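Take a look at this one chain, the form deposited with the RNA bound, written out in structure tokens.
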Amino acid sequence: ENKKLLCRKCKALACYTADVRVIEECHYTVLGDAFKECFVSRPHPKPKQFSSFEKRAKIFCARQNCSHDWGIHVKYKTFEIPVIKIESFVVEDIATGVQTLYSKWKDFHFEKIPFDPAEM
């Protein structure tokens, strides 16, 4: 069932599992312009290249006074997208409100939709 991700630090809404996409069964990104508003970016202090994408920026919660580290932003194929680490969020079940703290995506089981270039 649908879930939302909240910033672990300030509990601000980040996105919904419906917006989440999986790349190479290993990396997690989020679609839509709404999410772009929820984080700010910063040139990565240790940028580098690996696999199918290059690491350009660190990303953080947009909430001033929070600035919680949410992960990175990368160039993947012809796209520049955010890649997030679940450890930076609280997962909340929308129907019940039950909150879950994961450390690894491997432990978080949901409909893991694979990334599709045709979604932009």
The other form holds:
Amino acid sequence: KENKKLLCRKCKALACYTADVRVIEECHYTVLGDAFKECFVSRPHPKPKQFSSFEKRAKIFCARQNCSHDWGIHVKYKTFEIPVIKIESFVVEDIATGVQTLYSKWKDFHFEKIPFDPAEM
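Alternate state requested, the form deposited without the RNA (shown: the form deposited with the RNA bound):
Here we give the lone chain, stripped of any partners or molecules.
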């Protein structure tokens, strides 16, 4: 459908746009661009996990002050250090109406799901 906004469920700060989102292995959602990396911080994880297609290095949080809401993790996919987010950490907002939507799973969120391309970086 139309490009949409993802806002931090807790503070509502603008996180990214659906246009920036990319899909890895059909079920992992990452976000391209430098603007997005101005919104989250990374905190190393002492006892990560061993995901099937990537290495988990840390959890990421809303860079905002007094928020620090869990957004997902930061991983090494192939040769990239990228963020992978959980839709439940966001509110999806329609730009032209302001209608806000809360999802728990990416499967139920129907936007243009574009496969991750190493080309784009």
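Note that the rigid core is defined as the largest set of C-alphas that superpose within 1.5 Å between two forms. Residues that one form lacks are left out of the comparison. Numbering follows the first chain given and starts at 1.
Once the core of the two forms is superposed, the Cα of residue 50 has moved 2.2 Å between the two forms. Core-superposed comparison between the two forms: residue 26 shows a Cα shift of 0.5 Å. With both forms fitted on their core, the C-alpha atom of residue 64 sits 1.3 Å from where it sits in the other form; this compares the forms between the two forms.
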